[PDB]
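**Q** Based on these hints, arrange chain B on the given structure of chain A.
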Amino acid sequence: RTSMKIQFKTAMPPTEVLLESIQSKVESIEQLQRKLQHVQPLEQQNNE
Amino acid sequence: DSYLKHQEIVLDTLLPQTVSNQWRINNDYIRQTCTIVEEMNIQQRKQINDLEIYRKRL
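Going line by line, the protein sequences match chains A and B. Here the first sequence stands for residues 492 to 539, numbered as in the UniProt record's numbering. Here the second sequence stands for residues 118 to 175, numbered as in the UniProt record's numbering.
Chain A on its own, in the form it takes in the complex:
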């Protein structure tokens, strides 16, 4: 319960600090992934 308190408070601070910086970069990285899924689907129809 000391650990859970101490650690998870650190985790939540590390998470929210990361999240603020990395949720933006996630969206950046994840919206780029969706572009492969359309860049592939067109590729096949053109090859076909």
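I should point out that these hints are in silico values taken from the structure, not numbers from a laboratory. Don't take each hint at face value.
In silico PhoX-like cross-links for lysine-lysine, where the CA-CA straight-line distance does not exceed 20 Å [what the hints assert, rightly or not]: (1) A:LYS526 <-> B:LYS122; (2) B:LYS173 <-> A:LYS516; (3) B:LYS163 <-> B:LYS173.
DEER-style ranges, computed between Cβ atoms [stated by the list, open to error]: (4) B:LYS163 <-> A:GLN535: 46 to 56 Å; (5) A:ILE520 <-> B:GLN139: 57 to 67 Å; (6) A:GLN528 <-> B:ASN143: 19 to 29 Å; (7) A:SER512 <-> B:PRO133: 16 to 26 Å; (8) B:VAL136 <-> A:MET495: 37 to 47 Å; (9) A:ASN537 <-> B:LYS122: 20 to 30 Å; (10) B:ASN138 <-> A:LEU509: 43 to 53 Å; (11) B:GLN139 <-> A:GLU518: 27 to 37 Å; (12) B:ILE159 <-> A:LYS526: 50 to 60 Å; (13) B:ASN144 <-> A:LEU527: 51 to 61 Å; (14) B:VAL136 <-> A:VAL508: 39 to 49 Å; (15) A:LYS526 <-> B:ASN143: 19 to 29 Å; (16) B:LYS163 <-> A:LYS526: 53 to 63 Å.
Chain B residues, not near chain A, derived (Cβ > 10 Å throughout) [what the hints assert, rightly or not]: (17) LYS122; (18) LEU128; (19) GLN139; (20) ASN144; (21) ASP145; (22) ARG148; (23) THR150; (24) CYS151; (25) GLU156; (26) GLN161; (27) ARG162; (28) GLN164; (29) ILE165; (30) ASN166; (31) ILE170; (32) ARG174.
From the three backbone atoms N, C-alpha and C, an ideal C-beta is built for every residue, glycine too.
**A** What follows is chain B alone, placed relative to chain A:
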């Protein structure tokens, strides 16, 4: 994130390479279609000429 941009651009280069060769094949077909379509037009005109010519003789 930078790696993903190198990965993405490669796909769309192939989209163009396919696009160009696909339009290039169709481009060759087009000329063939117009070549023969004329020849068929020539044939039909000559066909109709005989059709009435043979009548007007008889």
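**Q** Out of the numbered hints, which ones does the structure contradict?
**A** Numbers 2, 5, 7, 8, 13, 17, 18 and 19, in rising order.
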